[PDB]
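In structure tokens, one chain follows: the form deposited in one PDB entry.
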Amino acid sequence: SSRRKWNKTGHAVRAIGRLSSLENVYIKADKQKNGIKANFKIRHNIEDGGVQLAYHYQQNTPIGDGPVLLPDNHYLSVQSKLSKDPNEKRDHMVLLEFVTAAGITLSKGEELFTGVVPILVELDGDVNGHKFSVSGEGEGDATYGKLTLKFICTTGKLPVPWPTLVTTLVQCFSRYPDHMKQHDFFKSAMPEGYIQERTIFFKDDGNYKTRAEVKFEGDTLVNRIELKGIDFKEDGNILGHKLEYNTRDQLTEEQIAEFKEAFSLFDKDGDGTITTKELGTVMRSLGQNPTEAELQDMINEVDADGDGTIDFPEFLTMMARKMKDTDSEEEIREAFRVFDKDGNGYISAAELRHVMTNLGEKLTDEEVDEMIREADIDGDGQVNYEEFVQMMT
């Protein structure tokens, strides 16, 4: 039938789009410049529909003369979230970002990034003759590939949309997994730093050319940029400000922080990933004793890059999974039974603290009492299943 022919041809053509839709940042060595090159495309959603493509071409070279690491081909996977500060009057962007290297299967610089690192960003721009500046500050935690920053336009109104400046405004904060440590050029160039140059082509519109110096100044990682844009159309998507600010929707900063706290309970050594030993330790603490092979099978069923561990973005994907309403409810039932160790249908204060302390939290009885009090609708001093449901909902 014609409708069947349409449907199947449609699927095929849509499949081409999904199969060919490279969203990752692809990195290759540039041995002749003792550095790297990258290319990728950014899809900027246009207000009221459509996308504005931005083709990125990138090259990086060391500032110092110390030896650096030149990588085999690989990529970075980026999850970004843009938001606003309700208390901020200046034109601004709040940014949360997780970035993880992958694509390859199973020293001084690395040490600089094991903890939380303060970040300063400064950009002076010229787009079609319009002069502007941006300042940003925040922190980087390369262990989880995490960035949190706030940027301000210090010259008033930004003459271009914030999302077009995201890639320009610190890939040294990417998480490189253990088996890819020898492929992290960005950290290897530290503390002296690297130069990062891009041309960014906005299709049917102008282009940005950027040059940046990324280096430590004392204990702060600093990104200092010059940007120049040319050939932009007065009422194009850029100068005409026709791009969406943030994506609809997104699991929000607060929820992510909750999942991260949960993640830390498993990631006992704080190295940014969960191993079989760590999952085993957690399960053993709650009374379950699966074998090493079983733990490996368990991790495999939710391991996306086959590295044998669950990193934070993998943890997030597992927990953000859709779930049928029936599965969701049964999962909550199973969770209740975990808390309710004696199976009497009520979570006591003693059972709550046993669970949390075993997971690796350090609560006083008074803190446990307050959690109980929060959920204890009928005031009997315990949390029944119905009360537990509300609390988890």
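Numbering follows the first chain given and starts at 1. So that the term is clear: the rigid core is the largest set of C-alpha atoms that superpose within 1.5 Å between two forms. First, how it differs from the form deposited in another entry.
- Assignment of C-alpha atoms to the better-fitting of two rigid parts between the two forms separates residue 246 from residue 284.
- Two rigid parts account for the change between the two forms, and C-alpha superpositions put the rotation of the smaller relative to the larger at 11 degrees.
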Second form
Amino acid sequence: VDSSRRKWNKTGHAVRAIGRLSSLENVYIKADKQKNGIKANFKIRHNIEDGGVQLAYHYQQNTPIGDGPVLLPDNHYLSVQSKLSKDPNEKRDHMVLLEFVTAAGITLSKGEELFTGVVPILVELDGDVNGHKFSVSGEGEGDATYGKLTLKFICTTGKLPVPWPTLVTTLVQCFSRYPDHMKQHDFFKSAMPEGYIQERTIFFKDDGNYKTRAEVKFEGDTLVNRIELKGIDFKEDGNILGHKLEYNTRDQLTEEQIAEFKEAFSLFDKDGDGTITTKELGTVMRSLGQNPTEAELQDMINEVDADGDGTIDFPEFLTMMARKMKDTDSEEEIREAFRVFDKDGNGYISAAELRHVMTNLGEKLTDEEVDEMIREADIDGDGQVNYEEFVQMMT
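Mind pulling up the form deposited in another entry next to the form deposited in one PDB entry we just looked at?
The following holds one chain only.
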């Protein structure tokens, strides 16, 4: 490569480095004290079909509905993982949405109490974009312990006149997971049950804007998000009215695979508080016969610890487990997993070894259920699981 190409590479690397650094779409929150609430600013990148991105610049204000005291936070952010899919049995225009949201950015009430378990959610939106009126209704549930939202939305007026992904931020941030050390900065939950008003302007670069106002509050045991949206100045053949935005990707974990990981997570998180501490991680590792030091345990957690709280929460765990792996590395991971099961290292996992491994993990199973696991894997019928049989179960 000549000196010219060397200069392209060098300068290309620098420009691509900025791209990678700034690929974040986090929700930046600050206090708006004179309105007794908060403001937020963030940038959504909507993938355009067949390449490119449509920027959506979000400006947000929240103010409490009630008169009682709320918590006004220091600067921090929310980080969001979204998965959009379709219900194969649904003929109406619709969106199935799975979302994990966590707070971070700050280093180590009666409202919070309303979010300790699973909470039913209702969403109603009436919209008007360039004169095109439409409504959406949504239902599902939130589980703030895991920063989790699962909802299904239906366009109740027929065909949605804008792309589903453009409505996602508009369609309940009280379901975000705030770590313990940030509980004093959780405005959203502190305003409950009376609720808050959420207002946004969303500017679509080189296109129109949405203006939204929403009431977010409890009606009985249900968290309700009632929204009005007004969109103006949109181009008839732009990305929005022209439906040129990508709905989702195939490279996303199934909602079912995510559930499997949540199950696995629970084996570590034995008190169900939504975290794995060094204590909990060490307990499982010691049960399996390993002996990590306290420094190692702290280090292992720190490595995947996005919010810096010193523990692994479920979205952090999911991020680690969704990490895409080289086939050679995948093979080594499975090979090493086999050794954990195969306690005496003779190359066969016996029914007894499997029973003990289940017990070590805190997986409660009858001996019969363990024999059924053996049966599932046992190709040659010797009543035990060899390496190749185990490989099939990890594949």
